[PDB]
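> With chain C fixed as given, assemble chain B with the ligand onto it according to the hints.
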Amino acid sequence: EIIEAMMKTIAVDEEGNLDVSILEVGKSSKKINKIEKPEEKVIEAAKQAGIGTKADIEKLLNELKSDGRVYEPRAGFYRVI
Amino acid sequence: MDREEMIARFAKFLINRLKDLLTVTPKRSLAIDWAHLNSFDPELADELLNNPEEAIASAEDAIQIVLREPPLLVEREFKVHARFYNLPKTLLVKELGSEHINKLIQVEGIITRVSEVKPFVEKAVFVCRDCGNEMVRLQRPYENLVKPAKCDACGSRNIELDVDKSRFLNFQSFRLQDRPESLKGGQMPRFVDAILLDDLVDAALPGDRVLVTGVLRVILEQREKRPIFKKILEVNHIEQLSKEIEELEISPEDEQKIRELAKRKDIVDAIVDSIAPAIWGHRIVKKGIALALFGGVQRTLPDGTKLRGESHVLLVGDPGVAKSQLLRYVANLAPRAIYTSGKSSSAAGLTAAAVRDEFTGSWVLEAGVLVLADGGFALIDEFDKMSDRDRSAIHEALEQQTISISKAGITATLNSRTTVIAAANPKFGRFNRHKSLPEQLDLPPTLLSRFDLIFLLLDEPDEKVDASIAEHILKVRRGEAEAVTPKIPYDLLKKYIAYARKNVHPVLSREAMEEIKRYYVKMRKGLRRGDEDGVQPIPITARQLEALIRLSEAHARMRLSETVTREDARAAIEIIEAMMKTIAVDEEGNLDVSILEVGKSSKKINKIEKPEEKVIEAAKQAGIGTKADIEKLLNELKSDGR
Ligand SMILES: Nc1ncnc2c1ncn2[C@@H]1O[C@H](COP(=O)(O)OP(=O)(O)O)[C@@H](O)[C@H]1O
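Residue numbers (PDB author numbering), protein chains in the order written: chain C, 586 to 622, 639 to 682; chain B, 1 to 14, 27 to 622, 639 to 670.
Chain C extracted, bound-state conformation:
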């Protein structure tokens, strides 16, 4: 009951994934970052695949710049590395 009440008050995931180990959920996080990682796939894959909203993909491509998943030498054009 303590373990059950802990998982409920945390809301760790929809399917109860162990986000405490990877800091990512399979459905809402791992599936999106797997499909995400001129600008061919930056504009096309964001539309025909329906990966997410404009604000949702913006934070993912931003975090991809730090982890090394999206590289863009120039500001006008952005690419995925």
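It should be emphasised that the hints constitute simulated quantities derived from the structure, not laboratory data.
Heads up, some of the hints might be wrong.
[Claimed, not checked] Estimated spans, in silico, between C-beta atoms of each pair: (1) B:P131 x C:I607: 25 to 35 angstroms; (2) C:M592 x B:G538: 45 to 55 angstroms; (3) B:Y532 x C:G669: 40 to 50 angstroms; (4) C:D657 x B:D598: 47 to 57 angstroms; (5) C:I607 x B:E492: 50 to 60 angstroms; (6) C:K660 x B:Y532: 46 to 56 angstroms; (7) B:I620 x C:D657: 30 to 40 angstroms; (8) C:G653 x B:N444: 12 to 22 angstroms; (9) B:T102 x C:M592: 53 to 63 angstroms; (10) C:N618 x B:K648: 24 to 34 angstroms; (11) C:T594 x B:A656: 30 to 40 angstroms; (12) C:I607 x B:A282: 36 to 46 angstroms; (13) B:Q649 x C:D657: 24 to 34 angstroms; (14) C:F678 x B:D369: 42 to 52 angstroms.
Idealized CB from N, CA, C, for every residue including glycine.
Positioned in the frame of chain C, the structure of chain B with the ligand alone reads:
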């Protein structure tokens, strides 16, 4: 004390030992035995351990007289260093303390660090124009800079060094640590820095078992206190340790029960169940580790090459499958095992590297876990998180079993004859069954071509396999007897592995040769016809054929059989076929992963795909891939600039 009398006593004991030296003139040293001197003159041999400063000097001048007096006397009286290789007691690096200072000791261990061939001046003649030219202030190579404050002859202070008349000698400083084979029980890698002189320099490499016997000297490196700050063993003689002392020994009463255990039925099943009894399942992984412990025969061909005799294992899987625990139980079960992590906690944590010492700033070659465990095992946990320097040298240490470093003024090659039973974690958190192994593994694709066994300890939810592991963990926590205890005790099994890796050397038989041949040709043409008009898949490579023979000989050595029985070669096929499913089979067809990938499809699509608003549409109606697949294809192409 009675130095002149000791010279006469040394000359009395000195003559068959000096007789062969009288023949060989270029020999610049003389190997003298302490037990021989103890038989001739026990009181003289006792002074060797008590006052080694006056004993070595008096013995050198004494044997010089025993050299010039008889015939065949050399013209130039070359320096004859008294090398006492044998001693009545053998000390340990951990047992060594401040009590044995200025005493002739014989400490055993393994060399980890070593310096270059640094020349040092023996007779430091200082050039003083005013006066006092040939004056010598005898300095030792480890000692600090010696400089007189004033000339006693004329009172001048114009002091300088005369390196034209100075007689320089060779000098090398190494680090002797505890042997990880047996002295690792103390769990303290204590070190005693030692020095080397002429005929001792370049006499041993790092990661080698040596038995040094010298005088324990001291050095006042710091001026913060009058007492010494660091002790340095002045090595008088160096010698590599014998085989019996550097290998596991078995009692004669145990040699009978080890042979009795070999005659016991289902010996293979007993050893598999005896390896990590706490963890549930993974019997294929347990048998694969068992084949790695009883490594194959290592033979050398007369053509110069040496056939490999090790089987490296890699345990890839999601977190929570007790893949790190499997590297623990084997760490204590294996005879010579160094349990370590992939994290580069030191400059030479994984592979031997070069680092400048803190004493004189000179680069010293420090060994690693793949060097100290030579002729043994090295269980590397978290193999996917390694430094770039270690990742570049493991490609050679796993196949050629050599580590050739030629940087930082240190050029040499080591012997990395270790069985790397490693375990890596996927860089995506959990391993996906829809992607190949190097796609989710941080290890390079060429590095995977070295491991003979790669098991996938994946986590799969199933009511049958989860209810068994749940009740098994409960039995382990409850303290159940048969749930934690092995069928073969760890103490006896540790000797059983050393007995097989030393005495039993199986040889291939005609029955097993036909089984290895029929299996290799059976895999051929398994999937090559599939990917026609392009890169045809190679289901099995000749590299894996050598790995199959190593596993077939591993199963014969585990049974303590001097021949590879047809049943032994069949057992290695099941383990290979089981790994096939993990990689290169039962996944993207055969040839999967291989060197880099199956290519059957990926490579095939690569050649077809090979201001870009037109090329995205061109790939659409081409039908080579869906809009989602052709999207992810160019992300990997943009990664390499394509
Ligand atoms: N077959 C098994 N039997 C018993 N315990 C297991 C088994 N598989 C996984 N475990 C459990 O997994 C937990 C973590 O093990 P660990 O060695 O840390 O795996 P990893 O390092 O991959 O996370 C342990 O508490 C252990 O009890």
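> For every hint, state whether the structure bears it out.
Here's how the hints hold up against the structure:
no. : hint                                : in the structure
1   : B:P131 x C:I607: 25 to 35 angstroms : 57 angstroms, violated
2   : C:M592 x B:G538: 45 to 55 angstroms : 47 angstroms, holds
3   : B:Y532 x C:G669: 40 to 50 angstroms : 42 angstroms, holds
4   : C:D657 x B:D598: 47 to 57 angstroms : 36 angstroms, violated
5   : C:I607 x B:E492: 50 to 60 angstroms : 33 angstroms, violated
6   : C:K660 x B:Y532: 46 to 56 angstroms : 52 angstroms, holds
7   : B:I620 x C:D657: 30 to 40 angstroms : 33 angstroms, holds
8   : C:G653 x B:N444: 12 to 22 angstroms : 20 angstroms, holds
9   : B:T102 x C:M592: 53 to 63 angstroms : 60 angstroms, holds
10  : C:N618 x B:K648: 24 to 34 angstroms : 25 angstroms, holds
11  : C:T594 x B:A656: 30 to 40 angstroms : 38 angstroms, holds
12  : C:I607 x B:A282: 36 to 46 angstroms : 38 angstroms, holds
13  : B:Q649 x C:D657: 24 to 34 angstroms : 30 angstroms, holds
14  : C:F678 x B:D369: 42 to 52 angstroms : 50 angstroms, holds
Hint compliance for this structure: hints 1, 4, 5 are broken, all remaining hints hold.
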